[PDB]
Amino acid sequence: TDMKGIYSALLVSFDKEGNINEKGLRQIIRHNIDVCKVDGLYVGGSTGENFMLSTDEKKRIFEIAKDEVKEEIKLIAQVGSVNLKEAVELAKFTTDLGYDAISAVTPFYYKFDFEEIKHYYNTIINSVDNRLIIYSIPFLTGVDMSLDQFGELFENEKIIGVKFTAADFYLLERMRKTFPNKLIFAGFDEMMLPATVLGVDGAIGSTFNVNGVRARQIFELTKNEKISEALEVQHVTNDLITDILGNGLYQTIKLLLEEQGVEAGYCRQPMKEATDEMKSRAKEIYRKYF
Amino acid sequence: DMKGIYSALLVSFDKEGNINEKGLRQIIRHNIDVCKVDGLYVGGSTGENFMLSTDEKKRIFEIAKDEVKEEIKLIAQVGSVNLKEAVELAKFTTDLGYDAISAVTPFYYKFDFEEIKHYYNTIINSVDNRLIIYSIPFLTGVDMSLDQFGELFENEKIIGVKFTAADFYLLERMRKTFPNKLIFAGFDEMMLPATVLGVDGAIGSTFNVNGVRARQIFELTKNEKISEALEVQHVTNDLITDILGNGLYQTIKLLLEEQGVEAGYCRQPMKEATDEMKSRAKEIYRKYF
Amino acid sequence: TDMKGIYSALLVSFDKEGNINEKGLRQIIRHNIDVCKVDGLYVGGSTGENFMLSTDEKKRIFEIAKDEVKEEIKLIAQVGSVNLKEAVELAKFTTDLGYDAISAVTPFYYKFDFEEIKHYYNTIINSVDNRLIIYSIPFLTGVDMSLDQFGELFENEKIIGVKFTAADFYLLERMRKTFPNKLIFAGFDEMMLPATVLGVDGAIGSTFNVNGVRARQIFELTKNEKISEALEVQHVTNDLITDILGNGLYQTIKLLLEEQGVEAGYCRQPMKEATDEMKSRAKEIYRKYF
Amino acid sequence: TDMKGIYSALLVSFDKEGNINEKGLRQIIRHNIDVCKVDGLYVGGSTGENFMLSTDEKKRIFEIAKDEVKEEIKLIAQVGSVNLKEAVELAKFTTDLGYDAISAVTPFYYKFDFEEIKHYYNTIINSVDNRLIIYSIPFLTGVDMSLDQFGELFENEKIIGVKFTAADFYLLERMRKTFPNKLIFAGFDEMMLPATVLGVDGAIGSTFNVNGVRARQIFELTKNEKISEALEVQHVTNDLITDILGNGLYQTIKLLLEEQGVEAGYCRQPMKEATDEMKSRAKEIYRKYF
Ligand SMILES: CC(=O)N[C@H](C=O)[C@@H](O)[C@H](O)[C@H](O)CO
Numbered sequence: 013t014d015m016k017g018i019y020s021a022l023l024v025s026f027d028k029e030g031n032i033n034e035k036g037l038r039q040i041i042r043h044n045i046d047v048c049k050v051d052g053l054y055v056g057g058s059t060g061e062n063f064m065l066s067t068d069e070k071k072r073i074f075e076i077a078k079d080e081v082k083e084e085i086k087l088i089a090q091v092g093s094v095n096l097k098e099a100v101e102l103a104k105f106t107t108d109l110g111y112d113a114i115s116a117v118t119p120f121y122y123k124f125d126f127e128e129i130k131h132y133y134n135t136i137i138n139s140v141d142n143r144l145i146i147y148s149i150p151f152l153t154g155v156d157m158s159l160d161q162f163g164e165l166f167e168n169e170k171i172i173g174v175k176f177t178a179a180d181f182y183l184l185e186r187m188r189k190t191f192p193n194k195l196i197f198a199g200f201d202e203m204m205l206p207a208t209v210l211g212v213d214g215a216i217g218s219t220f221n222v223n224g225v226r227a228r229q230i231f232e233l234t235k236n237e238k239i240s241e242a243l244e245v246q247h248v249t250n251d252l253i254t255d256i257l258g259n260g261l262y263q264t265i266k267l268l269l270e271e272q273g274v275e276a277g278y279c280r281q282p283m284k285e286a287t288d289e290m291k292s293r294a295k296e297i298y299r300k301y302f
Numbered sequence: 014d015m016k017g018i019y020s021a022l023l024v025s026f027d028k029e030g031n032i033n034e035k036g037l038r039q040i041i042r043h044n045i046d047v048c049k050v051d052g053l054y055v056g057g058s059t060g061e062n063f064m065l066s067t068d069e070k071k072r073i074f075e076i077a078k079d080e081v082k083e084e085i086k087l088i089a090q091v092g093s094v095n096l097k098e099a100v101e102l103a104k105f106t107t108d109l110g111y112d113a114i115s116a117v118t119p120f121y122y123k124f125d126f127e128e129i130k131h132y133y134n135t136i137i138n139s140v141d142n143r144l145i146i147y148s149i150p151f152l153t154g155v156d157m158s159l160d161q162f163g164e165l166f167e168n169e170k171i172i173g174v175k176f177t178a179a180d181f182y183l184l185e186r187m188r189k190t191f192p193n194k195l196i197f198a199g200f201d202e203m204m205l206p207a208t209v210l211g212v213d214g215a216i217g218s219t220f221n222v223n224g225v226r227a228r229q230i231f232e233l234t235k236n237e238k239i240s241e242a243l244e245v246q247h248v249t250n251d252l253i254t255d256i257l258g259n260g261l262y263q264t265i266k267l268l269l270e271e272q273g274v275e276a277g278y279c280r281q282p283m284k285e286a287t288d289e290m291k292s293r294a295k296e297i298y299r300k301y302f
Numbered sequence: 013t014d015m016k017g018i019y020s021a022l023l024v025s026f027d028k029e030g031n032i033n034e035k036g037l038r039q040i041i042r043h044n045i046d047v048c049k050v051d052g053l054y055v056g057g058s059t060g061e062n063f064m065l066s067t068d069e070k071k072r073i074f075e076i077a078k079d080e081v082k083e084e085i086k087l088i089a090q091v092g093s094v095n096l097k098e099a100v101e102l103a104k105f106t107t108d109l110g111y112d113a114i115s116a117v118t119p120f121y122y123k124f125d126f127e128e129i130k131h132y133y134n135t136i137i138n139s140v141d142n143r144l145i146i147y148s149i150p151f152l153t154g155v156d157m158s159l160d161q162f163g164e165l166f167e168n169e170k171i172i173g174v175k176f177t178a179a180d181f182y183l184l185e186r187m188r189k190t191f192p193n194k195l196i197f198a199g200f201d202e203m204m205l206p207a208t209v210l211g212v213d214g215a216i217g218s219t220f221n222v223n224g225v226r227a228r229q230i231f232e233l234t235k236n237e238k239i240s241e242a243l244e245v246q247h248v249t250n251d252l253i254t255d256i257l258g259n260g261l262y263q264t265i266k267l268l269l270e271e272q273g274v275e276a277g278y279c280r281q282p283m284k285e286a287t288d289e290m291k292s293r294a295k296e297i298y299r300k301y302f
Numbered sequence: 013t014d015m016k017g018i019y020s021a022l023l024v025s026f027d028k029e030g031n032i033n034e035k036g037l038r039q040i041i042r043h044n045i046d047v048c049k050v051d052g053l054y055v056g057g058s059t060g061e062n063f064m065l066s067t068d069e070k071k072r073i074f075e076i077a078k079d080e081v082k083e084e085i086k087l088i089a090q091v092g093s094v095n096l097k098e099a100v101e102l103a104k105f106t107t108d109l110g111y112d113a114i115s116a117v118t119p120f121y122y123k124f125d126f127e128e129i130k131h132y133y134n135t136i137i138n139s140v141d142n143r144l145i146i147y148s149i150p151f152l153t154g155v156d157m158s159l160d161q162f163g164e165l166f167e168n169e170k171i172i173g174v175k176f177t178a179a180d181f182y183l184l185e186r187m188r189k190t191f192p193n194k195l196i197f198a199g200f201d202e203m204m205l206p207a208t209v210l211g212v213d214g215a216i217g218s219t220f221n222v223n224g225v226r227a228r229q230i231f232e233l234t235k236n237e238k239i240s241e242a243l244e245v246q247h248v249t250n251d252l253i254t255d256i257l258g259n260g261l262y263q264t265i266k267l268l269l270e271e272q273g274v275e276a277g278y279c280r281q282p283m284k285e286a287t288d289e290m291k292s293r294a295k296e297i298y299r300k301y302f
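Protein chains in written order, with the deposited numbering: chain B, 13 to 302; chain C, 14 to 302; chain A, 13 to 302; chain E, 13 to 302.
Source of the hints: derived by calculation from the structure; they are not laboratory data.
Ideal Cβ positions, reconstructed from N, Cα and C, are used throughout, including at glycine.
Hints may be right or wrong, so weigh each one.
Every beta carbon over 12 Å from chain E, so not counted as near; a handful from chain C, in silico [unchecked claim]: (1) 17; (2) 76; (3) 80; (4) 295; (5) 300.
Derived pair list, reagent style DSBU-like, types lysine-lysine, alpha-carbon separation capped at 30 Å [as the list claims (entries may be wrong)]: (6) E:194 with E:238; (7) B:49 with A:238; (8) B:97 with C:104; (9) E:295 with A:123; (10) A:104 with E:28; (11) C:97 with B:28; (12) C:295 with E:189; (13) E:97 with A:104; (14) B:235 with A:16; (15) C:235 with E:238; (16) C:123 with B:295; (17) B:28 with C:130; (18) E:284 with A:170; (19) A:35 with E:97.
Among chain A residues calculated to face chain B with C-beta under 7 Å, some are [stated by the list, open to error]: (20) 179; (21) 182; (22) 185; (23) 189; (24) 202; (25) 205; (26) 206; (27) 237; (28) 239.
So that you can see chain B by itself, here it is in the shape it has in the complex:
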């Protein structure tokens, strides 16, 4: 399966008790496919509140997404974890479900050296008949890998690409040039335009759950070299992202979906519950950009 394209980092619906709301999750999935019209879904990433869930919950979500999607669009499973045993188990689980590729965040919390990180990735991908995408996001893990390290990881032909969610466009350009045969995904929604001109093969973002159409436009307009128009869409997109971040990122995106009849529900505690003020702000945000 060709993995290039726009992927929404799937959000998950939870009830007030923190339990998964399958009805709501399937509505979020339907929204992304039918309305946002994205090329695929990145399941189990940060946006899905993955690291706040139990292994059983992660697996349940993986099942629901595969089931609801069927074979309509591509699916990437983020199976990374500080627990390498769990990562391998999730890798096998998602591979057996039929996910088109897997992805793994660099092991965090503890301070692993490159030899250990390489062991982590190889152990995961060598345990399954699938393809792996490296997930960096130095912003949250604190793990900043160099070009030569990535080059050593890319040694493995099953490690087909990387999701770069760092603000280093120098390294991004260097990776594009050095690894012309690997896939490079942008993970920073508010910087999609400058990433696309550097040659990324697609994008994976949390805001695509509600802004998938514009996000696709920024990408396609740039590939068509209509930079002026692409910039304008990025400007509008960033006005939206700025308002969302100021009102609480995940809570606001979920409230935007609720406005459209998608029961995205609550966020997992300790992520705060939306106040009446955040709710009112969400409505104004919706009226301004949708």
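Place chains C, A and E with the ligand on chain B using the hints.
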């Protein structure tokens, strides 16, 4: 009373990464009988806690309690990015008889102060126990202020904090401002300066093998024998430096193995000790023990 | 004078004793005008090793630059430093010499709050009849200005722009959209293409002293929407920048200039004199990209 | 001259326009000697606002300090800066004046490596018949050298010590143990007690300009192992430092001096001036601790 020296309990894992109960019980016995610490801090970073499944975490808590019984004090670190898991673990360890629980600041996601406060309140209000705050900016990237620490202490069931910041200015301020809260030093290599500033004890990974020297540092300081305490800290830091340069958790386990304690391996992706690491560990053992 | 365009952050020539080489300095200047074809020069910047020079040396440099350039190209004078009195004196000196605009880096070393930084800029520009460009460079200063703070500075109609040398494209995009009437200069040579797509009004770079032609191609191809081409020029540019950084930034740029027929000379101590290995490496870099 | 003990990082008095106020400087000096009774003065440091001054001004201050002090107490001259040429010049000037030792901060702004930092220190000390103390400042310069390099620097027998103005107590302890034959000075006023417990040979602080008596008590009492007694003094001193820090460090220390008849004058812009409110607050601090 919870004051004193606590070893952040290391766990014995085998080649496959599985818990080795026999080895774990030997590590516990070594800490009590040889290191002579006042208690164990179970489920912390040192125990490789965050690389484990909830089931394994629970087994370790039960084994530790069973082996220790009432011999020394026990604090269970139940913190997690998964608040539901933390609550389950807080209840489980409270039912087991743990003297207190502790919780690292939720990490990975960037939670604001309001959310961190809810996190802590949710955990301790769920059980009939007492809570110690675990603040480790070095691994989590979260550093609070004196004012914030104050709002948290509004919950009477939060009785203290494990300090792991190199900011002794903050430590000095907190000691005088909250003389009724427990403050634990979490940086083995800076135990002496922490003790002179009033910490009520220490929680460290190196005490698994260096508990006697750790106690001397603490007690000498309390008795104003600062010069002698500094010398013990010098030798202790020579050891800590060798261990850090040779692989922290792996080397402590090798040092225990040298004494017949089956401490075993660390869970992958933490590397297995190479031959060079094993040889170095023998040199280290000969020089400091 | 319209200040849009490509500016070379002028390097200065020094002998082995660390004394200014006037002929060399004039050759660098002439090289930028006649060979690099830049729109102007940014004099007194970090690249000119400004902060390692005495106030009198700074003045001689400003005089030589103006005398040599005359009116052929535009001139921007960086007059900032930790010493404000010196800054105000230099703003006067350069304004009287006829510099088209002045620039001022955020005061560093000490931790000045925003009010102090704001007064620093107003004091400087209000002291003369000129226009000022802000110079952030958070990479070497540690000062991180927010969008709102930039808005406070831009209140002064004489503060016409900013040299953005921080790799935060989110803030850059926000700046472009929020201040459409101000000039925004890119200060990251290795990220020229992505910055240009975000609408910058030009670029001020240290590598333009030897790579002015490609820099212009990147900027112009981009403005013409020929992105595939721009990316290829940026790839070669970054291969060069990568080699330069690995061999010693300033030393290698001067050695490259030497190979271009310019007596760039030595860097001032404690910046190391190029070793034999560095010298043969610089010549390899020369044969490779020039 | 043995250089152990308490040293006030000499504050400098300036007039409205920022020019040196020699009458105020000599009064500050006399205060440090006669009232604070310090072991010596550290001239040309950050506290002296040195890095906001020109070479000529730095020279005048060194002359003023030497002339006013005569031989009553020890003097250390900080001659470091980004410009090595100025450093050597000041090292010679100061040695001719009879300063007991010189000090040099690690060159900042630019990102120098160890080899260059080494050449910098050796060049300075090999040029004069004096002794050198290394100045770190990891907080303002961002230079955090390791134990192995410091060891290399100390290979030169005329490099007698180092000034630790960073709370890294692990490195401090390592330095003490590794170099029992070198001097180590604590540069963090609020943590001089735990630093003394770790074996420092003295302290260099900005608050000693007005709190030299308590500072000496803390140092000596801790040296004598009278911890509980040293702690009592540290309790009050840190309450004092907290009030000073909250009202404006340099401004408040100068206001506390004025309360005692010392015309400490202004601070050098862009540093904010002392307001009526800061004056009122400083008066309360004065009544509470003096
Ligand atoms: C190892 C290193 O520090 N850099 C890598 C080159 O080898 C790449 O990441 C690029 O050179 C990059 O520009 C700097 O990291």
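How the hints compare with the structure:
Every C-beta of chain E lies more than 12 Å from that of residue 17 of chain C, the closest at about 20 Å, which supports listing it as non-interface. Interface exclusion of residue 76 of chain C from chain E stands, the closest Cβ pair being 33 Å apart, more than 12 Å. Every Cβ of chain E is farther than 12 Å from the Cβ of residue 80 of chain C; the closest lies at roughly 33 Å, confirming the non-interface assignment. Listed as a non-interface residue, residue 295 of chain C keeps its Cβ farther than 12 Å from every Cβ of chain E; the least gap is roughly 23 Å.
Every CB of chain E lies more than 12 Å from the CB of residue 300 of chain C, the least distance being 15 Å, so the non-interface label holds. About 24 Å separates the Cα atoms of residue 194 of chain E and residue 238 of chain E, which keeps this hinted pair within 30 Å; it holds. The straight-line distance between the Cα atoms of residue 49 of chain B and residue 238 of chain A is roughly 29 Å, inside the 30 Å bound, and the hint therefore holds. In summary, the hint linking residue 97 of chain B to residue 104 of chain C is supported, as the alpha carbons are separated by about 26 Å, within the 30 Å threshold.
Only pairs whose Cα atoms come within 30 Å are accepted, and residue 295 of chain E paired with residue 123 of chain A is accepted, the gap being roughly 25 Å. As the CA atoms of residue 104 of chain A and residue 28 of chain E are separated by approximately 20 Å, the hinted pair is consistent with the 30 Å bound. Proximity of residue 97 of chain C to residue 28 of chain B is assessed by CA-CA distance (about 13 Å); at most 30 Å being required, the pair is judged to hold. The suggested pairing of residue 295 of chain C with residue 189 of chain E holds, with an alpha-carbon distance near 23 Å, which does not exceed 30 Å.
Distance check on the hinted pair: residue 97 of chain E and residue 104 of chain A sit about 26 Å apart at the alpha-carbon level, within 30 Å; holds. Distance check on the hinted pair: residue 235 of chain B and residue 16 of chain A sit about 27 Å apart at the alpha-carbon level, within 30 Å; holds. For a cut-off of 30 Å, the pair hint linking residue 235 of chain C to residue 238 of chain E stands: about 11 Å separates their Cα positions. A C-alpha spacing of about 24 Å is found between residue 123 of chain C and residue 295 of chain B, which places the hinted pair at or below 30 Å, so the restraint holds.
Only pairs whose Cα atoms come within 30 Å are accepted, and residue 28 of chain B paired with residue 130 of chain C is accepted, the gap being roughly 19 Å. Our distance criterion of 30 Å between C-alpha atoms is met by residue 284 of chain E and residue 170 of chain A, whose separation comes to about 23 Å. For the hint linking residue 35 of chain A to residue 97 of chain E, the alpha-carbon distance of about 21 Å falls within 30 Å, and the restraint holds. Interface hint status for residue 179 of chain A: upheld, as the beta-carbon distance to the closest one in chain B is roughly 6 Å, under 7 Å.
For residue 182 of chain A, the interface hint holds, since its Cβ comes within 7 Å of a Cβ in chain B; the closest pair sits about 5 Å apart. Proximity of residue 185 of chain A to chain B holds as hinted, the smallest CB-CB distance being about 6 Å (cut-off 7 Å). Look at residue 189 of chain A: its Cβ gets to within about 5 Å of chain B, closer than 7 Å, so that hint holds up. Checking residue 202 of chain A against chain B by beta carbon gives a least distance of about 5 Å; that is within 7 Å, so the hint holds.
Residue-level restraint check for residue 205 of chain A holds (minimum Cβ-Cβ distance to chain B is 6 Å; threshold 7 Å). The beta carbon of residue 206 of chain A comes within 3 Å of a beta carbon in chain B, closer than 7 Å, and the hint placing it at the interface holds. Checking residue 237 of chain A against chain B by beta carbon gives a least distance of about 5 Å; that is within 7 Å, so the hint holds. At about 5 Å, the closest approach between the beta carbon of residue 239 of chain A and any beta carbon in chain B falls short of 7 Å, and the interface hint on this residue holds.
Of the numbered hints listed earlier, not one is contradicted by the structure.
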